[PDB]
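*Asks:* Listed below are the residues making up each chain.
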Amino acid sequence: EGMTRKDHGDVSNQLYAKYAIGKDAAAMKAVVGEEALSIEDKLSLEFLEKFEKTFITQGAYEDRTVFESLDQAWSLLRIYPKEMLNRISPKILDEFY
Amino acid sequence: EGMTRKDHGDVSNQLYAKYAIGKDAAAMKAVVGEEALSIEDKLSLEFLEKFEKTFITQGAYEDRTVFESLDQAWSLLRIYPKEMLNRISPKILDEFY
Amino acid sequence: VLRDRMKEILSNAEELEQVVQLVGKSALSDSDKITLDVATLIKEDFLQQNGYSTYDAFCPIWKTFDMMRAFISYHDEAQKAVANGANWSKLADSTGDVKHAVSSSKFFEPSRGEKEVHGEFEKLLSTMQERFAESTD
Amino acid sequence: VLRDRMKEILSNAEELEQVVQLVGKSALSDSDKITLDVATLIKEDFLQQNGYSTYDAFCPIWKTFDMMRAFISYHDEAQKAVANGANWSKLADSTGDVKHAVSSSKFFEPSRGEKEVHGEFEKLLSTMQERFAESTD
Amino acid sequence: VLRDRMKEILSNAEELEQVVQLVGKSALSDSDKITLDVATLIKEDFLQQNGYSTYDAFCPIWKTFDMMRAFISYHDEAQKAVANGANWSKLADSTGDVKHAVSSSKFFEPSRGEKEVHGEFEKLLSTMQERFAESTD
Amino acid sequence: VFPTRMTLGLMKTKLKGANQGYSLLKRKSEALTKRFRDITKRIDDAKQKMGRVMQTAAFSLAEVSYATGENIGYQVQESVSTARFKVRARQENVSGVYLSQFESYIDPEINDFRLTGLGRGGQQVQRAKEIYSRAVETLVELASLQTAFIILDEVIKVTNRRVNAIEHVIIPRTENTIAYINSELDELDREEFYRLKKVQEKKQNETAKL
Amino acid sequence: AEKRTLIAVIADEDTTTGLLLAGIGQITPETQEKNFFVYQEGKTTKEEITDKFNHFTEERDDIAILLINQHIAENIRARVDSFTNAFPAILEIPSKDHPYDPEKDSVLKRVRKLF
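Residue numbers (the deposited numbering), protein chains in the order written: chain B, 389 to 485; chain D, 389 to 485; chain C, 480 to 616; chain E, 480 to 616; chain A, 480 to 616; chain M, 8 to 217; chain N, 2 to 116.
Keep in mind that the hints were calculated from the coordinates and are not lab data.
Heads up, the beta-carbon is just placed ideally off N, CA and C, and yes, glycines get one too.
Incorrect hints may appear among the rest.
Straight-line C-alpha distance at most 25 Å; calculated DMTMM-like pairs for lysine to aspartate or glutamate [to be verified]:
id: 1; chain 1: N; residue 1: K35; chain 2: M; residue 2: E99
id: 2; chain 1: A; residue 1: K504; chain 2: B; residue 2: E428
id: 3; chain 1: M; residue 1: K19; chain 2: C; residue 2: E493
Which chain C residues stay away from chain M? Per the calculated CB distances, all over 10 Å, these [to be verified]:
id: 4; residue: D516
id: 5; residue: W541
id: 6; residue: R548
id: 7; residue: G564
id: 8; residue: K578
id: 9; residue: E601
Model the full structure from these sequences, guided by the hints.
*Replies:* Laid out in structure tokens, this is it:
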């Protein structure tokens, strides 16, 4: 703490696992179509596009402090319910969705 | 054009592209089944054999006129619509085909 | 702006082509089909050119920009068009006249508009907008 | 004629064999099903020349010819019979005994008939012809 | 005796998982489902550790011995009872307290029966026998 | 035999093609069999349900045929020259594959047939058609799943063969070929260095003695 | 897709009569061949059902869904099993005064193996 937060470790687990699943979902979408896809895969897809286009993407002269990064992370993960978020302690999950 | 024709370079260019697709379609045909085939590809599979066994084949003693060669090229190409062609300018095509 | 979109159309096409080869086509999203189609246009007009483009002796930046600009505009209008509801097939059939016109672009040389900006491509943008109108409803 | 027909039976067999392993034999037709089967018989019977006899190890120029002739006559008759209306399974079942007899032919000495050209191979030609009439209809 | 029987249960299970994937659970019997449960226990009790207690941090030879004795004992009776007219679902609801107890052995002291031979196991044999009378009947 | 000098690059991409196909195709397979199971339980029930409805409508029609003292069915066969209940076909994407679905229409432009007015026997047929049009509608609406089912049954069998084929044959062929070429390849680079070192050693000897 | 809008019947006389009244089948006005086949139980040879089977599935193409009684379908078991197509659909329903049987149902057998 004091250059990180406590909630840093749990989040690192949620975002990596969800992201991986997001890549797998993109391939499945191309095959099944948009009007025949799963709910769980649909969520994973939405996450892939936002994750890429907000978390990773930053501007040339835009500084991303670690505290700043962690907030953007909660917006992305929010789309999944609490039921699908679980590599996060319920303590954290209740603080920040 | 004075000892060949202007279409000599165009008619050659068409026959490479079609032969190339026919060859990839053949490889895919073995592995997956006839599931990855499409209309152009089925046509391309026939083209491959047609070309191989009429065009390339000839006797040891046999010799060939270049102008002759060019009518046999056109013949093989006659089994494809013209809208699917694109390695020949539409001016050139109209004259000799 | 044009650079990013040029990149995106080429980029997704390579990944979708790998699903096409292995699985086949029995389904391929409304959006995904559009990307493939437009990428063919880019191949044919730009990438292919070496004694096949009757003007190529020197091509200005503006003309390149104007040509690509029509391709990208056709792309965004098309993907919006399937989503707000309208079949993929109706959308191909109505775009019709303009689609050929972008296909044929490559032979065209500066002879309209400025000395580097070409009117046939400028005309094209507005007609495109009219096609979208027919196609969505 | 037998040299060209020999190459051709093996060459077709090789291509079809990939399609059978990966895809299934479901795509294949009954004539091409036959192609694998006649070709299999040639593998076991020709190539194998280790034997436990000097008749299963020495095959004179004449003995080699009769065998090859008999086997091609089968293949040609077989592709026709399924063509004018017969099955690969049905055809296989009717020749049956007559197929075993050609397999076991190789064991038999070459010193009989005219020289190595036996009456055993000559009668066999007639029995194939007869079998053809049954198989079709 | 115990160890050979342990290797086999984990091996046989892997194969039974492959069926769950392809066909599903509508082609598996009570006896196959039982194999899966025992295997999960073996894995849970032995393989999974992380220093949960000062009983994972050190384990003697005796505690290792009592754990597997308990799993095999359940395996033979359970399969026997489904053969004699019982169900995996039935076995599960009645077993309840004794079955959770064997799973949790790893958190508890082994020093319950004597000093390094575990009492939580020694009592289990009697309860499992009693369990089986109720189960068959 | 396959090229020795830097095949590695192409052969690696072959592996990546293969790999992508196992995961994706397995997802596709997984999803089709998950659906298949859902249909299975529906179809099984629907068979029993159709049977009860068909036997009950059939018995009421039978009773009537016997009471009137003439066989209605002959009368009925002349008059049938159209069908009120027809189907209209649609292709529906259930996963990537197109299945046949049907949606039923009742023609309102189609009048009642004339098999009534027979007297007392005519009342009996008149009540009879009314139960039967209701009943028959059941059979067709339930039947729409069956056609989709049969197709689903064929396609899953093909998709199942393809996963097994890429997994067992294709991927290990890419491994073994890659390896064969690797082993020759590293040795060409190594032996060269040894050849250089052997020639240089002779050279150092000569030069040193001067 | 749409090129078929008749439902053909292989069933006992009463069941068929009823179905026609309700309007599903027809006697065509340019072929003059029925698009339904009535059956007198036990009084009609197994060979006549088979001709009629071929007729709805193959020799006709305007048949959407082929309805078939379990009692009857069993007699000609070989031909039904061998038919595996979706055009027309094969849907076996219980015969009149006969209960469900999973083994008079050609499709259910097929599905069960190779799941």
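*Asks:* For every hint, state whether the structure bears it out.
*Replies:* Structure-based check of each hint:
1. Under the criterion of a C-alpha separation no larger than 25 Å, the hint pairing N/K35 with M/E99 is inconsistent with the structure, at around 31 Å.
2. Restraint check for A/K504 and B/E428: satisfied, since their Cα atoms lie roughly 23 Å apart, inside the 25 Å limit.
3. For the proposed pair M/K19 and C/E493, the alpha carbon gap of about 17 Å is at most 25 Å, so the pair holds.
4. Consistency note on C/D516: stated as away from chain M, and its beta-carbon is indeed over 10 Å from all of that chain's, at 19 Å minimum.
5. With a least CB separation of 39 Å from chain M, C/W541 remains clear of the 10 Å interface cut-off, as annotated.
6. Non-interface status of C/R548 relative to chain M is upheld: no Cβ of that chain comes within 10 Å, the nearest being about 34 Å off.
7. Against chain M, the non-interface label of C/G564 holds: every CB pair exceeds 10 Å, the least being about 16 Å.
8. Non-interface status of C/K578 relative to chain M is upheld: no Cβ of that chain comes within 10 Å, the nearest being about 26 Å off.
9. Taking the minimum C-beta to C-beta distance to chain M, about 40 Å, the non-interface status of C/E601 holds against the 10 Å cut.
Taken one by one, the earlier hints fail for this structure only at number 1.
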